[PDB]
Every structure is written in structure tokens, then in C-alpha cells.
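Hey, can you work out the whole structure from these sequences and the hints?
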Amino acid sequence: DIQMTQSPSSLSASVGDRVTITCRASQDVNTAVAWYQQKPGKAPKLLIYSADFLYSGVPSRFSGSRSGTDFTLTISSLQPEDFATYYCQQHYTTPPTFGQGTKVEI
Amino acid sequence: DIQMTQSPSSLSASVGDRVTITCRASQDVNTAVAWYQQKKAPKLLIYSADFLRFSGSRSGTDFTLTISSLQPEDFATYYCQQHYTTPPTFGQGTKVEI
Amino acid sequence: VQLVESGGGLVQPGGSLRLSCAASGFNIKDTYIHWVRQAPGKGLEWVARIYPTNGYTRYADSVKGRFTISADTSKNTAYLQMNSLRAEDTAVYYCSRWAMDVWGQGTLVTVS
Amino acid sequence: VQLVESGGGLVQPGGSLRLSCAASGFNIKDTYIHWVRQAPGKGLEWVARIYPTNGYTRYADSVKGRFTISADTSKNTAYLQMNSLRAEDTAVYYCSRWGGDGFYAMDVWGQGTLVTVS
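Protein chains in written order, with the numbering used here: chain A, 1 to 106; chain B, 1 to 98; chain C, 1 to 112; chain D, 1 to 118.
Don't take each hint at face value.
Over 10 Å on every C-beta distance to chain D, these chain C residues come out as not near it, computed from the model [unchecked claim]: (1) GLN12; (2) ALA22; (3) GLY41; (4) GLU45; (5) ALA60; (6) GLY65; (7) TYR79; (8) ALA87.
Calculated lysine-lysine pairs in the DSS-like style (CA-CA distance at most 27 Å, straight line) [claimed, not checked]: (9) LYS42/D to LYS29/C; (10) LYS29/D to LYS29/C; (11) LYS95/B to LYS43/B; (12) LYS75/C to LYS29/D; (13) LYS64/C to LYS75/D; (14) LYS42/D to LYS103/A; (15) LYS43/B to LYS42/C; (16) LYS95/B to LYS75/C; (17) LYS75/C to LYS40/B; (18) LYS39/A to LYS75/D; (19) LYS29/D to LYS45/A; (20) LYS42/D to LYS42/A; (21) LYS75/D to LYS42/A; (22) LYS75/C to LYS75/D; (23) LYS95/B to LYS29/C.
Going by beta-carbon spacing under 8 Å, a handful of chain D positions derived as facing chain A [claimed, not checked]: (24) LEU44; (25) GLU45; (26) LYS75; (27) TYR94; (28) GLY112.
Just so you know, the hints here were simulated from the structure itself, not pulled from any lab data. All C-beta atoms in this analysis are idealised placements derived from N, C-alpha and C, irrespective of residue type, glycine included.
So, in C-alpha cells, the structure goes:
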């Protein structure tokens, strides 16, 4: 069962800051990493699928990227609404495993 | 959940005797009783306390399967089942050794 | 006109197994399909049923939560999925159909 | 394209509950439906999935043997049967679609329904 390790667990930042979140897989997932945003009160929303593809409708300040092992989500200029928790997930093999989550407080 | 109670658990008869199996139920099942034979998959013999030597009959508050002349091919386990309501329930079976 | 079962075998306690029940000569949309099992030295025990037209399902208390019965109406085949298997789920499992006029050949499931 | 859930509430432990997940805008025959749970302090946790065409299922170890999934393709709806409920099952439960057979991960999610084990 694939372990998704997120880093960091939490962070603070101001409107307009770039912030990077990093996800690591215990085993190969050949590019199948997704990223979700869940705002307080709301259901998760898909932002990025297969590491770096942006889901239609999602603002281009969100960016996903790969380097193996590892996986990276960057919000390049933080908006007020982007306060939320962000979760990576591998969708390579069943079961789909989630990262611990990173609470972005803004 | 309605109970089906079969009598007896096991019996030995000779390859020629008439043999009678009884089935009792814990609640009224009208005439909705079947008898199944398992040698092999189960085979419906009698549906609805009568319909097909194998003779089925209701005796008051007791159903009976009767095998008028046991042949060695009838060596089997016979089960009674009520198809009156859900869940379907069956008796423990009676093995007939010849 | 028949039910042919497949699947089943040896599995460890806590494991999972799926059974198959393929119908011929009739369409399982038209009727209910049941699974009935027979543990070694116990009678027959009804375990689950399905009405494939609409995936309406019922289960015996014995197996509620651990078993799922389903159907592919297009394959004309019903299935029984079992997980978290207990030793006492060891049995020949039969596939049947509605009063049970037709029964499958039976497949052994041994939880050792 | 929408997923809408119902059925969450205060449940006695050992009790049971049926969550449902109704779909609009696509046919659940075309896809897997997943259930995912958010327990406080435990993030997001995959719970189960179903392939509605044949009703094949997979369960997480935390719920295997207690929960089952079912589906009715005519009503375009999937059901999470929750038996033998516990304290640890307390969570917001979501259903989601496995978009493009998993190529798009969980591209559609329902609003969530809170299950409380009182």
C-alpha cells in the first residue's frame, strides 16, 4: 500500500506569496499524482491530475510538477480564497492513497 | 426468521422400504414447502407441498416427504424449505443411507 | 437452461474471494438470483439475493457487511463478493433462482 | 455533471446507516464511484469503490467487513451501507467519480454528508 508523504504539514503566508508543497511516494507511481483543494465547509476540488495537468476551470496560478519522486504543487501568487487544505493523492494503483494534507493559513 | 425443523437428522433404510421424512415450521407457511434432494447439486422434487415414488403431503401442521420404494440411486440428503416469505430458511437436512 | 458457477478455492481467514454464477436459457433480469451455502456438517443456509433489473439486494444477518451480491445483466451473470472471510464461511456455495427450480453445480470455498 | 449525497446523521454506535450518492450529468455505468472520508485529524481517507456495471467492490481495511457498496444504474445512484458503526467512523463522507477510468482521478465530488456516531 503506497505511502504518500506531504511536506510541510502546515504553513503561513501572505496574499501574493509563492508557496510550494511537496509530496513523496514510497514507490513508483509513474506520474499519477493528483492534488486537491478543500476549503473549510466545502468538498474537495481537483486542481491537478497526473502530476502536472491542470483541470479545466482551475486558475493558472496553480501549477503541479515532477522530479521523480518528487511531486510539487506551487501556488505562484496566493489569493484570499486559497486558504484551504491541500492533499496529494496517487492514482497509480488501488487503493488511492492520500497525503496527510497541508493547511495553508493566509 | 421462520425455522424449518427436519426429522430425522439421519436414517438408514433398506433398498426397498418406504421411508418418511417430516418437516415442521415455526410459523404458518400455507402450503409453500419444497423438498430438495442433494446427492451433486440440489434438485427440486416437490414444490408447494405436492407438485413434482417420491410423494409429498401435508399432515396437519407437519409436512412429509415419503419415498414409497427406496432405490440405491436415492441415497441422498433431503432438505425441506419454506418459500412462504423472506428470508428463505431450510431445515438441517436428513441424510438417507441405503 | 442452467446456472453455472465458478470461482472459489482456498483462501486465508481475513481474505477475499469472488464467486460467479452464469445463467443460460433465460435472462437474470427476469428473476431473482440467490446464493445458498452449506457448511461442512450444517444444513443449507440462504445467504443473499438480488433482483438484477434494479440491483435490489438482501443479506442474511450472518453475512451482512462482509458480502456483496451483484450482477452484470449484460453478461447474464451474478456475483458474490466476500471479504473479511471467517473460517466458518467455509462451505459449498450454490447459485439459485426463483421456489428454487434451478441450482448451479456448487463451488467449494475453504477458509483455512 | 454533479454528485449529490444524502443520509448522514446522529447514529448510535453499533447502529447502521445508508448514505447515498446520486449522479447527474453522466451515467455511473461509465465509471467507478468512490467513497472518501474525512475524519477530524486524519485528513482524507479512501473508504471504498464500486464499478456499477457489475457491482464489483473494493474496501479499505478500516471498513472491510462492516461497510458495503451497492448501485442502481436506473436511478443513477450508489449506496454506502454502513453496519456496525463505531466512534472512528465519525467523519464527513464524500462520494466521487473516477474520471476517465482514473486518468482524471476524482474529478467530481459531492458536497459531503456528516456521519456522527452518538
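Comparing the hints with the structure gives:
1. The Cβ of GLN12/C sits about 14 Å from the closest Cβ of chain D, beyond the 10 Å cut-off, so the non-interface label holds.
2. Distance to chain D confirms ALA22/C as a non-interface residue, since its nearest Cβ pair spans about 12 Å, more than 10 Å.
3. Chain D leaves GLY41/C outside its interface by the beta-carbon criterion, the shortest separation being 25 Å against a cut-off of 10 Å.
4. Here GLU45/C stays apart from chain D, with its beta-carbon at least about 18 Å from theirs, past the 10 Å limit.
5. Listed as outside the interface, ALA60/C is consistent with that label: its C-beta sits roughly 13 Å from the nearest C-beta of chain D, beyond the 10 Å cut-off.
6. A Cβ of chain D approaches the Cβ of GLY65/C within 10 Å, the least distance being about 4 Å, so the stated non-interface status is violated.
7. A beta-carbon of chain D is positioned within 10 Å of the beta-carbon of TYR79/C; the least distance is around 7 Å.
8. The beta carbon of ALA87/C is kept farther than 10 Å from every beta carbon of chain D, the shortest such distance being approximately 14 Å.
9. For the hint pairing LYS42/D with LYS29/C, the CA-to-CA distance comes to about 42 Å; that exceeds 27 Å, so the pair is violated.
10. A C-alpha spacing of about 16 Å is found between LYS29/D and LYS29/C, which places the hinted pair at or below 27 Å, so the restraint holds.
11. Simply put, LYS95/B and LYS43/B have alpha-carbon atoms about 15 Å apart, close enough for the 27 Å limit, and the pair holds.
12. Between the alpha carbons of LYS75/C and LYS29/D the distance comes to roughly 14 Å, so the proposed pair stays at or under 27 Å and holds.
13. For the suggested pair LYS64/C and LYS75/D, the alpha carbons sit about 24 Å apart, so the restraint of at most 27 Å is met.
14. For the suggested pair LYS42/D and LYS103/A, the alpha carbons sit about 13 Å apart, so the restraint of at most 27 Å is met.
15. With a C-alpha separation of about 18 Å, the suggested pair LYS43/B and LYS42/C falls inside the 27 Å cut-off, and the hint holds.
16. For the given pair, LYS95/B sits about 37 Å from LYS75/C by alpha-carbon distance, which is inconsistent with the 27 Å threshold.
17. For a cut-off of 27 Å, the pair hint linking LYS75/C to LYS40/B stands: about 26 Å separates their Cα positions.
18. Note on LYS39/A and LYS75/D: the hinted pairing is violated, with a Cα-Cα distance of about 30 Å set against a maximum of 27 Å.
19. Between the alpha carbons of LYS29/D and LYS45/A the distance comes to roughly 23 Å, so the proposed pair stays at or under 27 Å and holds.
20. The suggested pairing of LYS42/D with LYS42/A holds, with an alpha-carbon distance near 17 Å, which does not exceed 27 Å.
21. As the CA atoms of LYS75/D and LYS42/A are separated by approximately 26 Å, the hinted pair is consistent with the 27 Å bound.
22. A threshold of 27 Å between alpha carbons decides the hint, and for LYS75/C with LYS75/D the separation of about 21 Å falls inside it, so the pair holds.
23. Restraint check: the Cα-Cα separation between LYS95/B and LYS29/C comes to about 35 Å, which exceeds 27 Å; the hinted pair is violated.
24. Because the beta carbon of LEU44/D sits about 4 Å from the nearest beta carbon in chain A, less than 8 Å, this interface hint is met.
25. Hint status for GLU45/D relative to chain A: holds, with the closest Cβ pair at about 7 Å, below 8 Å.
26. Residue-level restraint check for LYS75/D is violated (minimum Cβ-Cβ distance to chain A is 22 Å; threshold 8 Å).
27. The criterion of a C-beta within 8 Å of any C-beta in chain A is met by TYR94/D, whose closest approach is roughly 6 Å, and the hint holds.
28. Checking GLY112/D against chain A: minimum C-beta separation of about 5 Å stays under 8 Å; hint holds.
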